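The form solved without meta-nitro-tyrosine is given below as one chain in structure tokens.
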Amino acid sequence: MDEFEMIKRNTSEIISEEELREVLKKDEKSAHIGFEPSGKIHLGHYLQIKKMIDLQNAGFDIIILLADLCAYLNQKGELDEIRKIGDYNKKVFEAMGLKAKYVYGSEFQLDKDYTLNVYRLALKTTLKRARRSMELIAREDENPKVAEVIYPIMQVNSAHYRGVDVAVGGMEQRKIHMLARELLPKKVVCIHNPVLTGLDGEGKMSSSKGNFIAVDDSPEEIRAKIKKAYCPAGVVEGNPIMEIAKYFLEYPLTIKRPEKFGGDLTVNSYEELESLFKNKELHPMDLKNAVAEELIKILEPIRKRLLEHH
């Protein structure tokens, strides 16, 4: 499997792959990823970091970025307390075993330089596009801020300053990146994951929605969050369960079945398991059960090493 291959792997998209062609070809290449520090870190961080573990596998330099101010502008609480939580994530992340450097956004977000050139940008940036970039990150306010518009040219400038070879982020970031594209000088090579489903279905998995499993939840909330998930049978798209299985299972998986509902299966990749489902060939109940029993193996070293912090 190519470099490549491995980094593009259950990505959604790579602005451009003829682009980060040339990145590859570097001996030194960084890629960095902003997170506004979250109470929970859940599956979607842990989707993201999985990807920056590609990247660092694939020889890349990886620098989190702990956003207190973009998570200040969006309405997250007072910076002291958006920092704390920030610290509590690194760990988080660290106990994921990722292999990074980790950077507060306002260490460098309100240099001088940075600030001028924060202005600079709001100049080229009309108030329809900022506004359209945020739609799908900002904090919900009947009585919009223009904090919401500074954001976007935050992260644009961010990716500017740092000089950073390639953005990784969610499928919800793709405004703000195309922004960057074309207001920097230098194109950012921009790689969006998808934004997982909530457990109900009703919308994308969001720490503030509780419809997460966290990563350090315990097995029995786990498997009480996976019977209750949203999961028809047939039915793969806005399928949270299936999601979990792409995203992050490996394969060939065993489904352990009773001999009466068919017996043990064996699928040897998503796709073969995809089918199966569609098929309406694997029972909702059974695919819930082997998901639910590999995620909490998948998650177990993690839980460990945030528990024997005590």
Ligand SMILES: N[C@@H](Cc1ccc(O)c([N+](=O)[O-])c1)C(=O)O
The other form holds:
Number of protein chains: 2
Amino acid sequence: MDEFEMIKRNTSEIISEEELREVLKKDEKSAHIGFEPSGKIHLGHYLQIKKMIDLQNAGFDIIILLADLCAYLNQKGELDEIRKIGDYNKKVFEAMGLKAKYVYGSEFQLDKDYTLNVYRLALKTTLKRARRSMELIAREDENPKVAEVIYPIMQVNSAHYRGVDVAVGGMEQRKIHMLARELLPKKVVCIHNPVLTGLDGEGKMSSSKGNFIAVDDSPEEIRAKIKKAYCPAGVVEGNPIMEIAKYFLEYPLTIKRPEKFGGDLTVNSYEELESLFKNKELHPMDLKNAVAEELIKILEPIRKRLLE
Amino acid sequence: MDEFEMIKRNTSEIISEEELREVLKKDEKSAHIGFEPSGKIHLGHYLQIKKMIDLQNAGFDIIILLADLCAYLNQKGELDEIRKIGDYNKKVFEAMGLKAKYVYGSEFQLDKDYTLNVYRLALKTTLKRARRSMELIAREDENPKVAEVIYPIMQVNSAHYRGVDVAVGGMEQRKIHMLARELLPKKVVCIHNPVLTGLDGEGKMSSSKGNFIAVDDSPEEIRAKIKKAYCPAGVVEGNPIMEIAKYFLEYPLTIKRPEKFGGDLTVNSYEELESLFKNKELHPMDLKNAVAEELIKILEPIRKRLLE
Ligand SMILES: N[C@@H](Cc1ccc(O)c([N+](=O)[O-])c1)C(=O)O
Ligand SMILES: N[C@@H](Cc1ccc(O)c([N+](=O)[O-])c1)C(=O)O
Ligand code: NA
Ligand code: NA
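What would the structure be for the form solved in complex with meta-nitro-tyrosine, rather than the form solved without meta-nitro-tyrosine?
The next block holds the full complex; its first chain is the one shown before.
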């Protein structure tokens, strides 16, 4: 398994694989990811931090951008309050075991040279393109603000300005990233992680939608959220419990079941779990019990560091 | 005639008259106008500079904003080239007899505090409103850029930032000004000048449309432009020659005519010229001859200073 294959594991796409391979040869290489600060850090965040850890293990210097100014532009509140949530997020990311440097967008995004660049990019970016790039990111607003279209060019210049080789984000960032690869002289390698389904199955997981498991949820809370989650027998597509099994659990996985329902089941890969679930050899209740118990153990060290 | 009435003369609107009156009482008061730098300075510019002179005579400190960064956002070229045209414009404005201070937008519009203000305003300004405010200003573009909607909030913050009591501009600026009066804590008094008709009568006069008389046009050039201008008998509405008579000429005005066509005509006011023209007592050819000759004399001192 290449460093390349370790990095590629469980990503949705890498733009491009050829470019990443060229990057991997260098002694010194950096990757960054930006997050609008979030009151709760959930499995979606953890999925991406896990990927940053993969990159770190492959010798990348990791930068976490606490995106206070973008969050401000996306109507998340006042900068001072946003920064405080950013600081909390840093502590959570540290509790996850990430070795990284942290920067606040506003530390450099209001510099004269940065701003001049933003305006230069604004001349090359159509309103239609800017709005399209924000469809999965923009806060819902019946009267869309000028701030909405400044946000994507702020993010485009961010990669350029700080000289990152690799930008990581969820699939929802991909249009902004495509714009960056088009507009900037140096092409940034983009690694996109899948977007987790919300627990009720009705859309994507999000801090604003209350459809997530937070990394510091209590065990009792995790069990309840999983008990109630969308998880139709035989259905893997859009099944958040199966997603958790794929992205977070380790294998071989032992699934405990009463003897009357077939007894304990040892599963050597997610792929084999998927076949058992599609073939209805594994019931949603037994899948859920195992996912809840293993996820609790996975998250325990993080919750404990945050509780201590 | 009040200072108020001197200021009001030949304006399209003042927002608001009550506010201007409060302003007039102060010992210290300033007014500014901004211009995207223009390769040619035309009668539209001169009309507004004349109004700045009125304000100066009423005891206002005048600031001319050479709007290099707005011009950049509105696709007028590179900043360095734009600034050079700005410097030329300053020399023309000085040749007009204006006593003012001149500043380049970019001297202060890229400051961290300015930019933070721009982003705060971007949160309060809808895209729909920003685009509407730019309809008569925005460079024609089949694929409108993000830069187009940054421009109006740049101009909104300009008035606020430099603490002007009064902003002057053409009617085309009125939506941006309305936005400023809505968004800022201090209401700026806005004085709007009429927009001159193009020489061919087919739209408004503009540097980009080649339908103007420039202040340094040669006498021969002025005569030719006027000879060819739209000027229907009896029609005052949208008649650029009648506009020049109203906004630039002094009265009493003597109109020279051959005896066979009624002989020389002395006109004591624009209002009386308008009645004679509507009643068809004054032929377009005779009106044009007088307007051309008087406009040449009006502009001679400006052209001469620029030629020297
Ligand atoms: N768009 C990201 C945040 C972000 C990512 C990368 C960035 O470079 C920046 N930025 O420049 O402020 C911001 C999000 O949805 O959470
Ligand atoms: N909109 C003006 C230029 C302008 C006027 C006033 C201003 O404050 C600024 N500005 O802030 O750059 C720019 C024009 O059409 O020529
Ligand atoms: Na080496
Ligand atoms: Na006094």
